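Undergrad: Each chain, written out:
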Amino acid sequence: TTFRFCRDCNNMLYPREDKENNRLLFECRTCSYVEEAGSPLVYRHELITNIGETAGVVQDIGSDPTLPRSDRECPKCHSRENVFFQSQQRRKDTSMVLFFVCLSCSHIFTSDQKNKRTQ
Amino acid sequence: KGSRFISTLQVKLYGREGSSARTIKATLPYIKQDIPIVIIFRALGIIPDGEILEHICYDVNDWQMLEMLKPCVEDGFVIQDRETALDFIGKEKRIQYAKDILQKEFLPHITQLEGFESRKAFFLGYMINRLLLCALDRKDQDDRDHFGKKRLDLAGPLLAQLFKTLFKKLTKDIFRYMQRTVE
Amino acid sequence: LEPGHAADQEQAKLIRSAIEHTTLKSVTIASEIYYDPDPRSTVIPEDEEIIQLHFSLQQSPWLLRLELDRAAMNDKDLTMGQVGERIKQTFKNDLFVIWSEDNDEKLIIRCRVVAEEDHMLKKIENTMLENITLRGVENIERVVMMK
Amino acid sequence: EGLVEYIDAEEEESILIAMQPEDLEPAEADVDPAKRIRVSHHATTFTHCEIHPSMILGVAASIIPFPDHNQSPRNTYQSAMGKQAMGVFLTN
Amino acid sequence: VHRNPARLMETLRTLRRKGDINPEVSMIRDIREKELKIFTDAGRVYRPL
Amino acid sequence: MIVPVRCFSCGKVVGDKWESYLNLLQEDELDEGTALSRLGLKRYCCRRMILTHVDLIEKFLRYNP
Amino acid sequence: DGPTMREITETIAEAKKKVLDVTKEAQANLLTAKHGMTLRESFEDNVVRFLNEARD
Amino acid sequence: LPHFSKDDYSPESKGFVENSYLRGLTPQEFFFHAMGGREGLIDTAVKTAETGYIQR
Amino acid sequence: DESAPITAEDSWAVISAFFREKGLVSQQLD
DNA sequence: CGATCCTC
RNA sequence: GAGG
Ligand SMILES: [Zn+2]
Ligand SMILES: [Zn+2]
Ligand SMILES: [Zn+2]
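Sequences listed follow chains A, B, C, D, E, F, G, H and I, in order.
In this text, residue positions in the first sequence follow UniProt numbering: the first is 2, and each later residue adds one.
Those letters in the second sequence? Residues 246 to 335, 345 to 437, per UniProt numbering, in order.
Those letters in the third sequence? Residues 1120 to 1176, 1187 to 1243, 1254 to 1286, per UniProt numbering, in order.
Those letters in the fourth sequence? Residues 687 to 715, 722 to 784, per UniProt numbering, in order.
In this text, residue positions in the fifth sequence follow UniProt numbering: the first is 589, and each later residue adds one.
In this text, residue positions in the sixth sequence follow UniProt numbering: the first is 1, and each later residue adds one.
In this text, residue positions in the seventh sequence follow UniProt numbering: the first is 672, and each later residue adds one.
In this text, residue positions in the eighth sequence follow UniProt numbering: the first is 784, and each later residue adds one.
In this text, residue positions in the ninth sequence follow UniProt numbering: the first is 20, and each later residue adds one.
Hints listed in this document are in silico derivations from the structure and should not be mistaken for laboratory results.
Do not take every clue at face value.
Said to hold, decoys possible - Below, in silico cross-link-like pairs of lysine to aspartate or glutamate (EDC-like), each with a Cα-Cα straight-line distance of 16 Å or less:
id, chain 1, residue 1, chain 2, residue 2
1, A, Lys115, C, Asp1198
2, C, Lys1144, C, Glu1269
3, B, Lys404, D, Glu698
4, G, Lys695, A, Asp72
5, A, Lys20, C, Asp1257
6, B, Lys403, D, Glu698
7, E, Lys606, D, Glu691
8, G, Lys695, G, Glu715
To be verified - Across the chosen pairs, the derived CB separations fall in these ranges:
id, chain 1, residue 1, chain 2, residue 2, range
9, C, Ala1201, B, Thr272, 36 to 44 Å
10, D, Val690, B, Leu412, 41 to 49 Å
11, C, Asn1222, B, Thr272, 53 to 61 Å
12, C, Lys1217, E, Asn592, 56 to 64 Å
13, B, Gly410, H, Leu805, 44 to 52 Å
14, B, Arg261, H, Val829, 30 to 38 Å
15, D, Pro712, B, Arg261, 51 to 59 Å
What the hints assert, rightly or not - Some chain A residues well away from chain B (every beta-carbon gap over 10 Å; in silico):
id, residue
16, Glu47
17, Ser71
18, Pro76
19, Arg91
20, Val98
Note that CB positions come from ideal geometry on N, CA and C, so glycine has one too.
From just these sequences and the hints, can you work out the full model?
TA: This is the structure:
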């Protein structure tokens, strides 16, 4: 989605149609501000969600002593120093899939063989 | 170390799973009905929508949580200042009661003083963040059986409860004996 | 099952599909609301192929775009046309529905309403997901084939 | 001297504990079949070690000979009974 | 809040392990949740390790 | 609470053996097993009689009256 | 028996391997649950079975 | 338990007692058997109260 | 050697050390 | 409005 | 309060 607030107000910007020229704009309701929209996308729901699986990837991650280490090689660099975890998306219908964080380049790689991913 | 004053605050996410227009309202001690979250922030000092949301959402890239708060932004759209926000709760005198209720009753742990609100608003935001974090099915509902979240009251603590009570009645009796000494 | 013809694995798979209550929610990945004003010329470059058709054998400049999960559609005996013709037979005239073929790489449904517009389409999407019985009997949440 | 330290269930969440000092951390490269089955170190990212696993128990259970060779309810029942027993409660 | 909690947490533990912070005080660093939690309060059941 | 006279199980007198036993451990510096055997406590019913005896009378005597 | 114990031990090791493989399969996203149940629920049902089987 | 690493679905990790009461149970095994055991004592106490009422 | 690591038998000295200072009912007293 | 039997 |  990615939505903005008024440059001056810092108050939520609301959609507005040109009608004449047929184009997406965003108006402020606190003041007289108006700006063009970037993407036509106004609302995004998502019932089957991919976001929150990698939630918690912090540079200090390798220092968590409770997290397990795998014998896996990083696709990027060839570091075998890495930590791993299952989906942090604490939902019932979730993949048994693992996520590996290479402890030498921060690269996040997966055990998944079906799906690709762009994180 | 100062009395045993308990007041439970609830941050209630209205709207069922699959119900459109999911609003967030808070319970305040001695306040007849629920109050929309943005109205709490406004009554505290946080006025712009972006600043209110800045306190709840800790990452810009998280549109999911931001779309979750869009109806709250609408819920209190009619209120755009601390004066009318405090006024909502509850002459004139009704605003003072609300101002006092925010400092004395709302989050007494943290402070019961006056010059804070920033600490209170940020924490209220942390609370909502945690409420959404779960609601967004990213986090598991808090375990009320975790031992670490339980404390054991021993000899000292139990004696202290009684002693506080007993000494106060004694203190009160001295004052009644002082008051009776009109001559 | 029907005395017959009861020990046939196939007929069972059908009766399971005929009775298990299936909603639009159970088959949708995400629901988007784009500002697509030109009905003939789409702003989404993936959809371009879909738009070429649905012309032979006035609207709203706001598009409602649902992306369906192939797996779910195959767990249920569901096809795009089935879902599409079911969305059509709800609003009848107050909504225009176009859709992707079953063979097509992505499973997409495009909807348009037939002042104060942006609020209405968000209300319709809620009625679609939570209030549309695609197939199955209400209350029958799950059905299992057992020998 | 910081050789030992106090942990509560909350802090317990952030630490990795070895069960044995030796048997949980020497090194790696035949066995006694009579001896029980003890897994592997596997995790090595340790921050602490258990003083003695038998310390998971309290007064009553501490009296049982080999509860590690008993059904769990029998240890609970025995714990109830040792409080019905007779003997020198005090010298005075 | 704190930027470089790894440094903060190493000092905090050092002090408790030296004695300068009461041994019964609990310091819990949640790396992935960007959180530092401290408890000085009575009632907490603890055990030595 | 003093050396029981006689082994419960068998009857062999054990009341005359306590002090001799302590000396064998103290003076002679022997182990319990050789000491028990030196006193002629051959059966395990007799060995347990002395080996497991706890002499609380010493504690009881420590009380002032 | 020395021989018997040796055989019980190997019975348990094979349950440990079956449980590892189903896990490794699960983690590769190759495990596909049958109608009516979660991919996790099916994995769990399976693991518990191999283990119960091993005890018997 | 805090002796395990995060996300461990292994037999040993989730309450599989590999050992016989003869061989003896490990501390981890010991605790998990106690957890199972407790639940059994709790519903034993529940059954007796509930069934008694039913009978009446 | 003084730098050598501990065995599981060496645990009992630490346990003895514990109770020789705390006893069994410290929670009460403390 | 209910919530196993016994006596201390 | 303790017993099955
Ligand atoms: Zn503005
Ligand atoms: Zn790497
Ligand atoms: Zn004898």
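Undergrad: If a hint holds in the structure, say so; if it does not, say that too.
TA: Hint check:
1. A:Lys115 with C:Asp1198: holds (15 Å)
2. C:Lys1144 with C:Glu1269: holds (6 Å)
3. B:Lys404 with D:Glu698: holds (14 Å)
4. G:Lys695 with A:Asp72: Judged against 16 Å, a Cα distance of about 14 Å means the pair holds.
5. A:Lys20 with C:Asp1257: holds (14 Å)
6. B:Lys403 with D:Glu698: The given pair, whose Cα atoms are some 12 Å apart, holds under the 16 Å limit.
7. E:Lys606 with D:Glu691: holds (10 Å)
8. G:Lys695 with G:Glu715: Given that 16 Å is the threshold and the Cα spacing comes to 13 Å, the pair holds.
9. C:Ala1201 with B:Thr272: 36 to 44 Å: Given a distance of about 39 Å, which is inside 36 to 44 Å, the answer is holds.
10. D:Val690 with B:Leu412: 41 to 49 Å: violated (30 Å)
11. C:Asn1222 with B:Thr272: 53 to 61 Å: violated (46 Å)
12. C:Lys1217 with E:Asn592: 56 to 64 Å: holds (60 Å)
13. B:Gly410 with H:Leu805: 44 to 52 Å: holds (47 Å)
14. B:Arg261 with H:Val829: 30 to 38 Å: holds (33 Å)
15. D:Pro712 with B:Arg261: 51 to 59 Å: holds (57 Å)
16. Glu47: violated (7 Å)
17. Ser71: Given that every Cβ of chain B is farther than 10 Å from that of A:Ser71, nearest at about 24 Å, it holds.
18. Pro76: holds (24 Å)
19. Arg91: Nearest chain B Cβ is 5 Å from A:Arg91, so the label is violated.
20. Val98: At roughly 16 Å from the nearest Cβ of chain B, A:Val98 sits farther out than 10 Å, so the non-interface label holds.
The structure shown violates the earlier hints numbered 10, 11, 16 and 19.
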